[PDB]
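Shown next as structure tokens: one chain only, the form solved without ligand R6T.
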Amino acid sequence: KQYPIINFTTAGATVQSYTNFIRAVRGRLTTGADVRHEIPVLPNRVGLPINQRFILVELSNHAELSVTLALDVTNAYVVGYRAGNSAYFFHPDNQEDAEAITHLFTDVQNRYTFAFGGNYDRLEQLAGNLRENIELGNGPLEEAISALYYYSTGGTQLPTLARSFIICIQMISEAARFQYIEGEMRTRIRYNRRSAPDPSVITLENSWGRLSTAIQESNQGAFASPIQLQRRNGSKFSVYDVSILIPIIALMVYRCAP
């Protein structure tokens, strides 16, 4: 038995093929039975059976290379990937997660757990660049797939690996989490442009956990305290209520029970 697999290729990618990809990812991350203030909640980690813990994302590119990312359904985030006969995993946060990832890619020959987790701070450190200076788009993703692939054969060094994780995590995990960020990647494909995410995108990414908490702990959608976000030009504004977020956020991490 294998976890559910969703496919995307950069070769000939269109606005439609990327949209279908992201929608299929969301459909396998959660059933949609738990919806709060019209925003779907991901499954609760506690008591989630191991056979339901992950989904796989097989990426292919024009160079006819493939890698398979593993995503944790409880937070939509990349935990590792497989290239050929090797698997690679971010440093687990705890003992239970360390056991959990042994259920991924079980027939792979070699397995490596990195010193670093997948948080942006460290990946930016390793890449030598902040998110605001790493271009996203179909071109960057095509290159990230090749980089991820050639890491297994010795052809990719760590800073390029880190940059490739940053590209994939935003174009897959953050796009699944946010219609807004899916729309941003849609735009890059639409106009065949690559560009770094503007401050509105970065701040949404940084705020996903706190937004999930604020919405689920709200009194009927009104927050106990504001969440500060940014416009595309970097100016700041505060959000006190779920209303404006309904078209912006597509998935939330499970914080508590209704």
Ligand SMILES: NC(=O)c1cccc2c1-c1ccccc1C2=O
The other form holds:
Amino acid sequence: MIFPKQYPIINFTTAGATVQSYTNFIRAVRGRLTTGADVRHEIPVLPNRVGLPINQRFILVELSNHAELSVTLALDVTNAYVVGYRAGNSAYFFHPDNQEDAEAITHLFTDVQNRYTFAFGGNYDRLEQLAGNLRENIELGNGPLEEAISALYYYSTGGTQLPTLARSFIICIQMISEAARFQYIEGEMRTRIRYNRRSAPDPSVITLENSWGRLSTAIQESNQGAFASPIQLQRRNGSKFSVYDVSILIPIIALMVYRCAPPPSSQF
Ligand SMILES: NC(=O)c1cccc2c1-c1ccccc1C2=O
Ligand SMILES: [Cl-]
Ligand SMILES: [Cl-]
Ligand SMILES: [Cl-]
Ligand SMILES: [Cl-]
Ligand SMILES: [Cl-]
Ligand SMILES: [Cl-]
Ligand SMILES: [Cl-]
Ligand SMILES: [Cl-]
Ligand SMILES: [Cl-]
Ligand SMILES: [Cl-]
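Any chance you could show the form deposited with ligand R6T bound after that form solved without ligand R6T?
Expanding to the full complex; the earlier chain stays at the top.
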């Protein structure tokens, strides 16, 4: 048997944030997401969801800000993605895709008075619609993150519009989940922090985000790194190009979702 155990907690604050504090935060996220024992083409693979002990399924990210408010995000270790959050006496979860995932989230934030699962999932297509803006028009950086934290904090008490909540999720997901998944996106956020800049992601970032699952599959199914079919990405100017091999992505992608295929049939 395995006894229940508090999930790992990683902390970040926008108050006095630096390139170093952000870098150390993303390092901590990647470290708590991975075992270090499953690494393919120098890129860590996340734990497999199937049969994963519930104590190992999630990590918590506690976010604080200049307003002296705090919220805690839950990340799914199997895909690095935000599944919900807690603030004060309330927790909110994105709609799970299946009954196994719905059961898993019952182990999160089990001390809160009020638990709610949204009807909607946390996918960008839906969140962008709710926000009323595409990712290409939602600024990222320490300023946006500061205000996103406050929006999440005040949601339960009626302080936050649905579009603002959705926009705030979009900000947090990219600055935390996508930054953990991609050194390239971490670098994008580091540069914003370095210059106290706010700016929306360019097509290179957006296409990487969109392609993360496909890239994970392509890399893990590759023949000594060579892809079985190319993956299309975009340059910063939006121009399309194809990737055929893991080599070019080793400095770009930091985590992959676990992939496997069942055996071929062994009987007629
Ligand atoms: N527009 C917002 O991000 C927002 C939504 C709900 C509550 C708050 C905010 C917001 C933005 C900037 C400073 C403070 C706050 C405040 O706590
Ligand atoms: Cl438990
Ligand atoms: Cl500061
Ligand atoms: Cl629940
Ligand atoms: Cl928890
Ligand atoms: Cl949805
Ligand atoms: Cl999407
Ligand atoms: Cl838009
Ligand atoms: Cl903004
Ligand atoms: Cl911009
Ligand atoms: Cl290539």
